[PDB]
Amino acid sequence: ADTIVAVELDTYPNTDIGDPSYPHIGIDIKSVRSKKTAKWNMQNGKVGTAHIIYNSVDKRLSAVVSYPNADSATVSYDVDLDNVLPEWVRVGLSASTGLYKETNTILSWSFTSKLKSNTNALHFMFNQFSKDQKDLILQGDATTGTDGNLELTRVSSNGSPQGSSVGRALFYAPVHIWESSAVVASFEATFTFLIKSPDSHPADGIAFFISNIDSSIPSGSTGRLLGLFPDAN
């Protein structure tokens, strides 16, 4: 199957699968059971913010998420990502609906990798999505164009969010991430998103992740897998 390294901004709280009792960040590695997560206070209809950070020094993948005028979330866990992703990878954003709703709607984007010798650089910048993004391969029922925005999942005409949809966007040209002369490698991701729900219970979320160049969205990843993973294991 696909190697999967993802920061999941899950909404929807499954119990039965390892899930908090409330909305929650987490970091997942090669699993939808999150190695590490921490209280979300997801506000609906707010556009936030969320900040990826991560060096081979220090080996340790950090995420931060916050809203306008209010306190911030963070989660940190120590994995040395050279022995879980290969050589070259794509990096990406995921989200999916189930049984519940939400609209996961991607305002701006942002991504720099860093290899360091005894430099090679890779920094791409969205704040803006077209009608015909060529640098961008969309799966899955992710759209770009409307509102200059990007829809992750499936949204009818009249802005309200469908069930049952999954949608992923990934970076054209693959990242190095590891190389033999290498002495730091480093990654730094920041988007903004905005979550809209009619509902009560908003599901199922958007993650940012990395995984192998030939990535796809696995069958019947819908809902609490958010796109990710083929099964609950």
Second form
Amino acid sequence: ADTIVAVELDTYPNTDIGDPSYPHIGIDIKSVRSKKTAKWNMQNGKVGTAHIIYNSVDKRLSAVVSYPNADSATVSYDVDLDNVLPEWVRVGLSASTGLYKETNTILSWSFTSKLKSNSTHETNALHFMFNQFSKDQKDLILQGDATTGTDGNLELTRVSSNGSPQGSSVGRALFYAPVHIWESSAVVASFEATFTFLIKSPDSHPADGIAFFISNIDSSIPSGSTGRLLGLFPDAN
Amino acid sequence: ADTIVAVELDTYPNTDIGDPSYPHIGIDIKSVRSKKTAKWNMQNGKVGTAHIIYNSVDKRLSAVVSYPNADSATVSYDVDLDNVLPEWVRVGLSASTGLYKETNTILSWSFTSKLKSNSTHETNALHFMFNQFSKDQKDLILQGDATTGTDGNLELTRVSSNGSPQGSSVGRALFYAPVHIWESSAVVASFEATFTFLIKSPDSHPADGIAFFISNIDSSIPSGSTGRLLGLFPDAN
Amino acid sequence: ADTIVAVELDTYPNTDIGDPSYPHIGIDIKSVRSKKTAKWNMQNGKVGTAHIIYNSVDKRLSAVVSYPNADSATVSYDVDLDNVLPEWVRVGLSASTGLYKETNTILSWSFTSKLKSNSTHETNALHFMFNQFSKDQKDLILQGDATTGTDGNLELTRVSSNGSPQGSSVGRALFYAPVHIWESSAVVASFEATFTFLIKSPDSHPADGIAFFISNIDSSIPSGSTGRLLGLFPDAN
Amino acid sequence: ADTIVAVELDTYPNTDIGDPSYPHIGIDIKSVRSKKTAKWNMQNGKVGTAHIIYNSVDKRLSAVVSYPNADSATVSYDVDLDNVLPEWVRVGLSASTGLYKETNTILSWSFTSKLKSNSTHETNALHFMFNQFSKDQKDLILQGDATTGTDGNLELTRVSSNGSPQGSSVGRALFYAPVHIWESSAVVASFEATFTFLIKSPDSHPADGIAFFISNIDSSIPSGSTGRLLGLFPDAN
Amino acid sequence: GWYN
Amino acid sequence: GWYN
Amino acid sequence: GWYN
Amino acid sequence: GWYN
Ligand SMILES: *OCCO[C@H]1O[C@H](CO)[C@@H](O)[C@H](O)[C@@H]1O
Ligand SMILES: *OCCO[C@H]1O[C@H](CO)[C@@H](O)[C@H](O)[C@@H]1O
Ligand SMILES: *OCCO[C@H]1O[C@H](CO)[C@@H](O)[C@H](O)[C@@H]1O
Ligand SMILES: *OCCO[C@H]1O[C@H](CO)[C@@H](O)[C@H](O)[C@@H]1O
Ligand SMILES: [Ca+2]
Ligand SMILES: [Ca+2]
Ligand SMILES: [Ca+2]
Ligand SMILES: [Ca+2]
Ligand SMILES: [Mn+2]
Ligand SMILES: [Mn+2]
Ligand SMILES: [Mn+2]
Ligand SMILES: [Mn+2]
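Could you switch over to the form solved in complex with the partner chain, since the one displayed so far is the form deposited without the partner chain?
To see the whole picture, the full complex is given below, headed by that same chain.
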């Protein structure tokens, strides 16, 4: 199976698999059952921002999800990615709906990763920023129901002609270039990701969430990973 | 054929196809016959730096090649890249040897492209920096004889186990992600590239050169393009 | 006198001192009488963007001023800043009003300069980015009427409590740190500035304009330089 | 008195003020008596690198100091800089010598700070990079014995004509622009600083060390702060 | 069926 | 007095 | 050819 | 006088 590390913005409480009884953010290490969560006061129809950071000094994955003029939700988990992920990975956003649904619109996405060698103390770096998404955006690998074009946005899951989000949808966007996320010969390794998102549910019954994830390079949507599986995991283990 | 825009550091005068009779830097638009050249006092065995810049305001492609504490060589050509390249491209380094040879060693290479849209004024950006290359650099597409990892360098053409350059070699390294190099709906588009190189010919008869190039995303080394064609062109037209 | 290089967004035609008979953008080299101008279709009450670029390869100062979904205005002038400016400068934004007035509101301002040694091929860099301004923005030198903090914006010239612009005003904001704008020992020197601005004149009678400027470090608003002199020059020579 | 947060590369064991009995790195929060230290294997006369990071999510100040091909020393401390530093600060490097001495040469220094507002979710940023230092470098505030301009380096403490470090020297270099290091209404704030240094003690008796520090904007060297006080503290409290 |  |  |  |  794929190897997945993710920060989930989980809008739908799946209590039978360990979600708390509220929308939450979580750190997922190789399981949809988050190693750490924090309550998140999701605001239907409002643009939010998620920021994810990790560095190899502290080896601590943290995320903050906020809306303008509201208290943020923050979650952090100590994890040595050297021991979890392969050296080379792809990074992406994923989202899903199930019986219930929501738009999973990404308005912008930025990422920076840096690796400083122990041998030379010089740094390799990758940065991309998308503040608009184009039709046929060739530096993104779109998977499942993900599309770009409309409003200059990235719609991770399916939205109908009238703007209604559809259920049982899953889709992901991965940056095209593999990222050298860790290396033993590195003094400091670090990455940050930021994306802005618009989650909208008419019936005020949102599901299932958005995730930033890091994966093996050839990662694909696990078959059937709609709903609570967030397009990330083949099961709920 | 492929569409090539390139800055060549041409160490070998092929006068029968338009080269001036000295090592030179050149701006190549869709032909190995440079639209513009400047004399280049290449220093065998010394690490040099090439800086290439372009922006859609001036629409001037310029390059400066220099060695520490020496006069630089500079070449510029007014060209509207909107009218030459596809919207989406790959960027890369290429080099070749022929009857005569030289190391085409790249020690570092960075690139930044930025595209700020006319309808939104927000920016898309791509930046990468390699100050070291690893034996399996997954964010590089290596073509032909290009290899990475030896001393942390990118060798564009064949070298022996002790660094002896080989004739009849051609190799390219392309950054893995496509680059959105222009968009009609952009206020300003710009890019810059820098690389450092070590061209050594113990023979003191160097050929053929190194180029930074921008190409259709699916660009490959054209058949037979060793020697004077620099791994960029199908013929000498 | 101070030494000023500026890009002016001139909203008010002072035809007796060389202005064209329409709002225009211009490149000012040590004189308010622009060395080059371009027609600028200013949009009262709309947020616009200015991009200014220069590099020592082409030695061309260019600027683009635009509003979303409108054609941009562009102006370029070849100038060797090595021969005009001191090696160390401050950069800033200036604006003025006279008999007629307009808000000279800056909503964001970013700047990057880079200087690359020829003896070392190593780069020095300065970058700052303001996407909001606080009431006590200590990395700005505010001169004259400039204030920060209302709506998180920088108001270069005086406005009332409701945003009504006042005549006879002049104000500047300089970034606190001097910038090493050129060095003979540098292979390539370059800078870029972007700012977004809101010029509003309730009576549709706007004056006088906004300038991005580069000056001797100790530059101050010249005595009397309201109105057509844009806070930049002591006279109209 | 000044308010100081610092990362010290302390080459001299002052066991009476809590130094371990060996060179060490330390996190200093308003006191020369580090809140946290780590053994540091200082290599006399070799170029080292220090990297300092903090972000307001984790609120963890961490530092790593290393030499090429050697194991790094790392030190970390949880601290809420909102509750220690003023919102606006200056950042600098400081060094001292005492009865024993060493060169305290800085070869490069970079710093980046970012501050994202809770109201707007937009970011302000400052970045500077010196890969060489010039004579009369106008964007540094030099204090005490600190000088620039020989070999393109920053000598924090006195070095005589013959290259011999002098005792009882103290000097600092502050970046000219104040830095907005924290703000209550920021979503996430972060900084990082990197510098490379060359500490040489020809008699293998080095003192006293180099610190990266963050201070009140008007901070000056405390009188008498040579030796173990590192140019940072007025006493050893 | 959490909404249900 | 451009707009007079 | 060149060198020659 | 650590080193003496
Ligand atoms: O009422 C049972 C809901 O389960 C389905 O719908 C939710 C919400 O979309 C989803 O999490 C779950 O996996 C099932 O698809
Ligand atoms: O009718 C002449 C008005 O001139 C004053 O106002 C203009 C516009 O503000 C200004 O350019 C000029 O300098 C004088 O202040
Ligand atoms: O006598 C000229 C030889 O031409 C070959 O070698 C040169 C230099 O390597 C090369 O440019 C050319 O394409 C041929 O390979
Ligand atoms: O033998 C005690 C010396 O103390 C002086 O020198 C040391 C080392 O330089 C220094 O730490 C101390 O503060 C005094 O200056
Ligand atoms: Ca869930
Ligand atoms: Ca040739
Ligand atoms: Ca005017
Ligand atoms: Ca000590
Ligand atoms: Mn969950
Ligand atoms: Mn040629
Ligand atoms: Mn004018
Ligand atoms: Mn100590």
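Numbering follows the first chain given and starts at 1. Rigid core here is just the name for the largest C-alpha set that superposes within 1.5 Å across the two forms.
Peer 1: After the core is overlaid between these two forms, has the C-alpha of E179 moved by 2 angstroms or more?
Peer 2: Yes, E179 moves 2 Å or more.
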